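Each remark here refers to the structure printed beneath this line.
Selected chains from the complex are presented in situ; the others are not included.
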Amino acid sequence: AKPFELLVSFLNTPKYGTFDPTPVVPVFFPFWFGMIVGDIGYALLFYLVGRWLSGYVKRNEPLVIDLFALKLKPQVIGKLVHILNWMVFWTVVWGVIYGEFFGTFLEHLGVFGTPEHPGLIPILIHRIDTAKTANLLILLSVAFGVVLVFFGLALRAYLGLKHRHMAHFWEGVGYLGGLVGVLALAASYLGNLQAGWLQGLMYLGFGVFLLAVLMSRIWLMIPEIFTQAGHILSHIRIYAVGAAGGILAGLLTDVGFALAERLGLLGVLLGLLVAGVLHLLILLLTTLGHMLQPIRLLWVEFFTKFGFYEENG
Amino acid sequence: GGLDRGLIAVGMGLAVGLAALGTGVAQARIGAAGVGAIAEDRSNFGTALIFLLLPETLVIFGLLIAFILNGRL
């Protein structure tokens, strides 16, 4: 938990009397990282790199990168290694959750358990089905954002509870009412159209929202409610990136298989090397952005939004 | 259902693409000024970043319309 405090420390200092947001990240960020990690075969190389940097740590290397002319601090790197332990764990377990890996023999024999091939090695996600896999892909990333934004607004409201800026405590639960009302309306629209308790939910939602408006006609607050009502929908980008990476890795592995066998006897000994080269280069290109995406999502939507626009000391 | 599904399909992509363009056209000009401000002063990350995250409120549209109309189909 303590190593994760470095990433937050880059930003503005909090004010005493506001709660520490550091323990939020180490439990939530790493499994978000895990969703890009159909690539588990190549993350053992990341573990090897962590071993290399731990070798620098036990060497106590004051490393200097010639390319960027940057100075490295040995005591910082151990925090990085203990941080990377958990994302390697989430790496492994999420790649298992995918079920599909490159050693899947279904292109040659029905060994792995799928609806297509009832084998003895059950694979949860074959990445071909789009009927229920899509809905399952949507649902969890929808739910995580809702839970975290509700927690953030609740804790901001409880901070407003103490000091007498409690005037904005009312608008905090007004956001909650507006969100639950629009959620009820949306779920009633495209769903199975049952609307009774849905009508009750939306009624209470916009009622308690309009109650907060009666505090004062704040000219600035009324449009931005729609904006965070889209920021909650912005949480869906998590599975998009992971699906993009996973299907690319799967198709590249299929290209390796095709160059191996589908070329006949002439292509048997060639395709795997260039397939691995393509995999490693595309990972080198992509993994940096894929790593920074969820951390910046939680970092700007939760962490900055709740309490990190205000004073510092 | 005859040969019609392509007509419904093509309208989905245009909306989301042009929403992306509308985000990008604002983002290009705002980001340059923001990074120019942050180059001379370290004390403005938050105020710049909140404004850079504002155009992302546009890209949320189109995709939900595509989902609901595909479910309608």
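Think of it as A and B in the order they're written, each chain with its own count starting at 1.
Methods note: a contact is a pair of C-beta atoms (placed from the backbone, for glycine too) under 8 Å apart; a residue touches a chain by one contact, two chains touch by 3 or more.
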| item | value |
| --- | --- |
| Whole-assembly formula, with each chain kind represented once in the display | A x1, B x12 |
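One rule holds in what follows: only the chains that are shown with their structure count from here on.
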| item | value |
| --- | --- |
| In the complex with chain A, residue positions of chain B that touch it | 45-47, 49-50, 53-54, 56-57, 60, 64, 67-68, 71 |
| Touching residues (chain side chain A, partner chain B) in the complex | 11-12, 189-190, 226-227, 230-231, 233-234, 300, 304, 308-309 |
